Every structure is written in structure tokens, then in C-alpha cells.
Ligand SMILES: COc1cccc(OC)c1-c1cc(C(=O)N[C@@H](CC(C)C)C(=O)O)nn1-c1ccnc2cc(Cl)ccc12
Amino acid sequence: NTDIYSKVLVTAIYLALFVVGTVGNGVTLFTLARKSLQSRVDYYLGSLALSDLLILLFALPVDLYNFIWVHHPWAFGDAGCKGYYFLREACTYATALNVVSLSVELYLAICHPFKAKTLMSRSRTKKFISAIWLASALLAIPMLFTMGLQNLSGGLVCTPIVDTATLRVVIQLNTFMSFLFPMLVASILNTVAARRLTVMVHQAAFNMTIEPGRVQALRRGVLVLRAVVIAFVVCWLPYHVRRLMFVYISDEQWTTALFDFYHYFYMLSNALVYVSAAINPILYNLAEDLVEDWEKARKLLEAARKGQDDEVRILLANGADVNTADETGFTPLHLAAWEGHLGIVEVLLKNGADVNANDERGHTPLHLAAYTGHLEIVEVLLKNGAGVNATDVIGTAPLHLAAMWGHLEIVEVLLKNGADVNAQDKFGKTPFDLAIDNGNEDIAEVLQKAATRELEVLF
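Supply, in the form deposited without the named molecule, the structure of the chain whose sequence was given, as a single chain.
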């Protein structure tokens, strides 16, 4: 019982996967080969790109010819027969072990942030990749001995040389070592990481309006590596099952139906193995899209603090996050208003910066503008619609801080917009009380007159 359509249909998909997957992975290697501490990401995607390319470049064509179509006459000889299964198992390992390495490094980043900043290094990562490939090569050696050509008819076929019990051990080993062991670790680590991360995400409540970039980056990383785990399982599960079923269901019991089932199941199972390889460049696009967006934001905070207006406009233009925040909860607007760079401050608000943004301490951009003393920046923030009576953890409004450093000019501009002259903090001191304590006699004189006006309004 034979049908050609299955082979033709499979061949079409095999070609579709080959052409795109080979080119995609080829470019992925070429791109990274040309072009921070997040170059460790590049090394891992380079390994997958290579391991996935070899599958499509060497395993697929040999599969498509001598396994799908032409059966009896084997055209790759004893070396090609031995080598095929070696290069296959080397890449089944290398890929499986790279997917774990990813989840181990994401876990380390979330679980041990302080440790990961010291422990993780480029030179260290390089060693890890070296080990993975060398481990995979060493673990694939058995396939050079277990597989070899035999003459059935010249009708020479690439069939195992060793016995079923011997063959059952190496395959049982391969499956656990290069799938189950990895997938358990990868899954649980990613599950623990997601749980661990969700604590940090939820912990950032009230204290900071905008959650840090790292949290948003790691939260993005979890989603991706979740897809990587689910992707790898679905692609590789059927293939491993087929291999295991082969040896365990090899009792000569199998009728003209188990053979038929295996014929199709082989095509389906292998097709998904190449799909795994063919998908890889998507994971590269997702990872780079994430790290790029993180580096933009990271740069924006530096640039906005630096006072380089040109760089800020450039970053924002590309698609950097204006409402990003550092570990403290400091948005770019905080840094600009603090350092005093009106030029930048005007841009950030134009693009859509949260003018009412509370950091860890609860200090809005207007607090930082008053504390220092930028009469220009204060006037701007209010035009956009900064809260005039916003209070921090202690309870000090901007008018407290303007008074606390005697900005007579600034004190006047708040009053115009409608600053609460009668506002007491944790220590009970009003803006006037601080003005008196400071010795800003002019400032104190104003606050007094403003409060008095409110009295007459009552009567």
C-alpha cells in the first residue's frame, strides 16, 4: 500500500522549510558575526542558528532523498549513513541543551539579580557554548557504531548494526538526555521564574507609577521563553515518541498497518523537527526586538540625564519608551527636570511623558524642579497639567520645597495655578512655617497674604 501524494505534499513542505530555514539561519549567523554585556544573548542565538542550520542543510536533503523517496539504493555510502545519524543526534542535543541554557540564564537574572550581575560574563558564556557542542558531539559518538549500511537485495540500506537491546539503551539514553531532562528543567525554571517575577511586578504598587524597564524586559523575556519551551516540546515530542515506539514495538508483531502508520508518522514527526529549525529566526527577531527596546530605554535615561537633546529626539523617534523608569522609579522627565534641561523636558512632554509620575519616594517631576530651582521648567510642567498639590511619602508639596530653598519667583507661579498655601506634612510644618524657619521673609510675607485672602473669601 503506497501513495505518491504524501511524498509530493511532504517534499513541497520540506522544500519550503529548507529554502526559508537555511537562508533565515544563515543570515542570523552572518548578522551576529558582524554585530555590551547583552552580547551573551547573541552567543546563544548563534548556537541555535548554527545547530538548526545543520539540521536543514545536511539532515533534510539526505532525509528527503534516501528516506522519503528513493529507498533500496543508498547513495551517501557507509560514511554518509554513519555520519547522518551522528550529525542528527549532535543537533538534537545542541538545540535541546541551548533551550535550557536560555531558561537557566533568565532564571539567574530573575531569581538572583545581584548574583547574575557578578556571576554572568561574556568569557564565561563562551565556555558554556563550547561545553554544550563538545558534550553533544561526545554524546552523539554511539551513532557512528550503532548505525551502518547492510545489503538486503545493489539494494544497500542504512539500518542499525547492533542488537535491539543495545539499540534500545542508546535511544532510551538519547530521549531522556536530549529531551525529558532538558524539558523538565526548562519548564520548571521558567515556571519558577514567572512566579518569582510576578512577586516583583506586584510589589511595584503605589510607590512607583511607572515600573522599571528591567521588570518589563524580564516580563517580556518570560513570555518569549514560554513560547520557546511550548514550541520545542510540540516540535520534538512526536519525533522522540516515534524513535522510542520503533524499538519498543519492534517484536515482529506489527501488521501491514503499524508499518503504514509509521510511514506517515515518520513524515509528520520529521516535518515538525525541521519546523523547529525553520522557526528559530523568529525567536532571534523576538529576542533582538526585546534587547533593542531595553537598550533604547537604558540609553534614554542616560541621555536625558546627560543633557544631550539630539540623542533623546533620535531614540524617541526610533520608538524608545518615554515612560520608562530605573530601579528607583525615576522616569526620564525626573532626570531632565532634576539636572535642569528644559530643551529635553519640552520634547518628553510633547511625545507623551507622564507629567504626574510618582517615583519610590513619591517625588513628581515638579518636586524635583522646585527642590533645585528651574522657574522655566516649573511653568512648563503646569502648562502640560502637573498636579500643583501633589504630596510625597513625608507629605511635602512642591510649595514646601520652593519655600524650603526660597524661590520667591517660583512660589508666586504656584499660587497663580492654585497651590494649597495651608498644607501641613507629617511634621506639621506648612510652606509658611518652612519659609519662617528658612528666613525667606519675602516668601513668608507672600504666603501670609495668600492665606489671609482665603479668610476674607469665607466671610
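Only residues modelled in both forms are compared. Positions refer to the first chain, counted from 1. Take the two forms, superpose them, and find the largest set of C-alpha atoms that agree within 1.5 Å; that set is the rigid core. First, how it differs from the form solved in complex with the named molecule.
Only one candidate in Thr166, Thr159, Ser250, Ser121 has its Cα displaced by 2 Å or more between these two forms after core superposition: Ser250. Core superposition between these two forms reveals a single run of 3 or more residues with every CA shifted by 2 angstroms or more: 249 to 254.
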The other form holds:
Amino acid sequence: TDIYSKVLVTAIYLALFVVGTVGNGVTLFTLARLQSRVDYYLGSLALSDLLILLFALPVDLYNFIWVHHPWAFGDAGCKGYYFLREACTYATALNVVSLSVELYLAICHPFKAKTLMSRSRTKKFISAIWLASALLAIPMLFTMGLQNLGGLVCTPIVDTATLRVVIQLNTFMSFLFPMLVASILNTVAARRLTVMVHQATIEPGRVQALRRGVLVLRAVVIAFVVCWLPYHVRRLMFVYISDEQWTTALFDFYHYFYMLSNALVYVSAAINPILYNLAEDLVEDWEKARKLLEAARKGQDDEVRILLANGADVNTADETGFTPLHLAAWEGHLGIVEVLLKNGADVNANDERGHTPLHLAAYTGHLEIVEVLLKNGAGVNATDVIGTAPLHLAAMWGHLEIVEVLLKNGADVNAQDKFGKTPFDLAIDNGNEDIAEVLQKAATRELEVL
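Now the other one: the form solved in complex with the named molecule, given that the block above is the form deposited without the named molecule.
A single chain, with no partners or molecules, comes next.
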């Protein structure tokens, strides 16, 4: 009797329909063309959420919101509707949990993630989820059916006791237990993730990727719970409210509660593509980073420029804490080092061992890179865990030209390490007598000031 309510809902239903159908459609079309196991889950969700908007929404809108009396889809359409709706609630829920499980494993079992996780395994698993959802939905073919009360309505055809149990079961199996598992695992994953963040002078890329996964998956569960709790609460209310005590106050309440509860289920399907965006955006950033470290190590000068331009993180590191700049200098790719520092690479970055790019540049003995790094404000007197300054390494491996370069930029010749050895001492040890003379005079000059 409140027509505005129905009209307002129609607008929102159509809005969620037209966009949500197109959104999930495009997501499936896009995916059709290592971590391609993510895509399978996002494809699984897209499919489940598409089917709800395409088949469930329009039937719901027509024969539950507007036209109450005559059921326009017959006995098959009645049974099918409730089957395909329940199948898709299960699939979506089970997929969302599988997602939080895969993240949890990736975080809390890195060793297992490498071995256990495989494309073939995921394909077989997703097939089981859909099949599990389909089997658990069969009861809806027998529990729901047409009744005449012209007066043809898609109402339960079993006794309330039976109906209360099948739905009570579905609510546990396709929400409560799923969300329980998910929420817990995500919290355990969040607790475990903060351990690995505490290890940080490294800043690993894989950690940063997982860090984001937790944030995305936190949103997915909070989003799923708020969207699906009202729906499940209403269906539980309906089974226990099946007595003919329907006061006009209860009618009014349920009328709006039905509209709102179902609208949020369609919202949950219409936001599904946003998750795809958040996932692909996260995975692409992770992929760009790996490629940047690979290209920097490899020396693919052309690739580096591309990656940086598209938005690859210049200050990424591997498990050990080596940034692309670190590797570029180590492999002696002057052209790359110049590009990285141009795009804003951290000149004073350290690995686990405490080695700045300048350490590795001195070790190898690439004069041109050293001069570049120092121009960009490198730490001349930067020491590692052993206590080795770059001059120590330059002197030890006999790079007299680098030794002169460093001292020019204000290198401390008097610096010592854990073994107490100065660069001059390391030159004498290694037998770089020519370099030692340069350091010998350097120390004597400083004494003259005092």
C-alpha cells in the first residue's frame, strides 16, 4: 500500500542490477582472456554474484515487491528461483572463506604456500565448492513450491518444523560458520603479519603485498557480514513468524525489512567488482616490483624505464632487503642506477647486512656509479653490521681511484671495524701498498691540524 517504498526500491534494484550485471559480466569477460589462482576465485565470485542480479533480482522485484497475488514463473520458476538463490549464497560465502584461507596460508605458512598452492589444485577445489553449493541447494526444490490462497504464490510446501531446520542449517552452513572461520583466520593472519613487519633496515615487497591483502580481506568480511546478516536474520524470523499472528504492525515492519535486507544482498553483488579492482591493483603492484628487481639485476635498461613510468615502487626490496638500486650497482648497470636515482631511489637504503648501494659499488669497483651515488647524497661514512665502511672495501679489493674519490667526498680514513682494522690496515693486510701510501698521508694531514 506504500507505493513510494516500492518505487524507491525499484530505482535502487535497477541501479544495482544494470551496473552490477555489467560490472560482473565485464569481470568474467576480462578474466576469460603463478597467482592466476586469485583470478579463479574472483571469477567464481563474479559468476555467483552475476547470477543473483540476473535471475534472483528481477523475479524478486516483480513477484515479491510489486505483484504479490499471481506468481508469473510457474512451479518450475518458483522452485528454480529458491534453488539458484541458495546455490549462489553458498558459492559466494564459501568463495569468500576460501579467499581468507588462501591469504592465511600465504601469511602463516610461507613454506606450505610454495608447495601446496597450485593452479590445478585451485580449479578442482572451486569445482567442489560450486558442487557442494548445488547439492546443499537441492532441498529448496522440495521445501518451496506453488500454492493457491489468481492466488498462486511461491510459498513453503513442507511443515514449519522441516522448514525451520533446512533454513537454520543453511544459515549456519552458508553464513555463520563461513564468517566465523573467515573472521578468525583474518585476525590470526593480522596478528602473524605484524610479527614479520617487526623484523624491519629491510622493507620487503612480499610483506607489503600481504599487508594490503589483510586490509582488502578485512573489508570483504565486514562488507559481507553487514550485507548478509539482515537477510539471514529475516529468513530465520520468517520461519518462526509462520503462525497466523501477522498484525498490521508486523506486516509494515517485514514489508520494509524484506526490501532493505534483499537490497543489501544485491549491494553485496554490485560491490563484488570493486574487490576485483582492489585485488588486480594489489597483484599488479606486486608484479611490477618483482619485474623491477629482475630487470635491475638482469640489466634490462629499457624495461626499468617502462616499469617506473607505469608506477612500479622504486624503493622495493627482496626477502634479504636488497632494493633495485642495490642490485643495479652490484651488477654494475650505471645507466639503470642513474634512472632509479632520477625517479627517487633511496641512496642511503640498507639490506639485512647493513650494506648501502655504495658498499656494493666499492666491493665490485665500478668508479662511475660511486661518483653518481655520492652526487645524489650517499653516506660516505656508512658502516655495516661488521663495521665495514665503503673505504674499507675499496682499499681491501684495491680500487685506488675509488679510495681517492671517497676521501675527496669526506671519507674518514681513521674509521675501524669489529676487528679494529682501518682501511689503511686492510690495505697492508690485503697487500695494496700503493693505496696504503695515499691513506698514510691522509691521516698525517689530520694530525697537523691538531
